[PDB]
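Just the one chain here, laid out as structure tokens, in the form solved in complex with this ligand.
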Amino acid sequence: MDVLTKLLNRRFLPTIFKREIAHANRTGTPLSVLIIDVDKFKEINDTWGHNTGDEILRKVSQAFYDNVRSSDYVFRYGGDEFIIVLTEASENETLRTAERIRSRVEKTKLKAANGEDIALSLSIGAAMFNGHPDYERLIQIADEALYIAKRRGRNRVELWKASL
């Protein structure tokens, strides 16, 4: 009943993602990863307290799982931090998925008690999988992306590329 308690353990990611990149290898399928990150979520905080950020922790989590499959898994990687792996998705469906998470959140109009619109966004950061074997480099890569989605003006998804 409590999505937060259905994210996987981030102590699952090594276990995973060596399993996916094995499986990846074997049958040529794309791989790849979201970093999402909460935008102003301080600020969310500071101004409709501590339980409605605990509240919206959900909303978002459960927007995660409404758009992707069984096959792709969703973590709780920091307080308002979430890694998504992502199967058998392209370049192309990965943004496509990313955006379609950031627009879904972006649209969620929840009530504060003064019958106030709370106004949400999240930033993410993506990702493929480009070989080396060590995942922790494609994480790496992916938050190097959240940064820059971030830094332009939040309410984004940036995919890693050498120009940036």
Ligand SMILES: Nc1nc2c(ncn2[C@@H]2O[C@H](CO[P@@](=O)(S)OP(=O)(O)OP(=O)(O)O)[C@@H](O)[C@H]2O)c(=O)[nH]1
Contents of the next structure:
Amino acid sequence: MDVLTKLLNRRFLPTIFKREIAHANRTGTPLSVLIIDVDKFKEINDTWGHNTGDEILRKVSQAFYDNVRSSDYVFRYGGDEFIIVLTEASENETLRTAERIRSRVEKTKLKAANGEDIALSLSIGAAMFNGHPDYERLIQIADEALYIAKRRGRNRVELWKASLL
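Show the same protein again, this time as the form deposited without this ligand rather than the form solved in complex with this ligand.
The next block holds one chain only.
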């Protein structure tokens, strides 16, 4: 019942992605990715301990599951990072999902071991699958979108957009 054990291990990412890209290419349905970063997680983790960090990760993971469908995939990608794969969600539906997740985490109230308010936020990079055969390319451009979100000040969603150049 620990929500964290629900998370998929990244070792399954390529297989799942290659399968969903294959499917998206034949049916022409949308496919998209959220790469999610818990803001200042490393800072919080050694300022309040590893037990606090785990609770953040539980609150954050619960937010993901409350906003996606059984057809979607939720990965633990790194220490502070997650990847959500959405299937058959339009660009707008994808952005709305990301925002529901982002707002939900921002509004979440959490206290440390000693009762102090720990402010929580997420940075999110979103990108739509555009037919490119490599799943690594879809993850790369979402990662570019996420780098933009962090550099713009965190607690936000960015959608990867092709340069008008």
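Numbering follows the first chain given and starts at 1. For clarity, a rigid core is taken as the largest C-alpha set superposing within 1.5 Å between two forms.
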query: Large Cα move at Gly115 between the two forms, threshold 2 Å, rigid core; finding: yes
query: Core-aligned C-alpha movement of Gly49 between the two forms reaching 2 Å; finding: yes
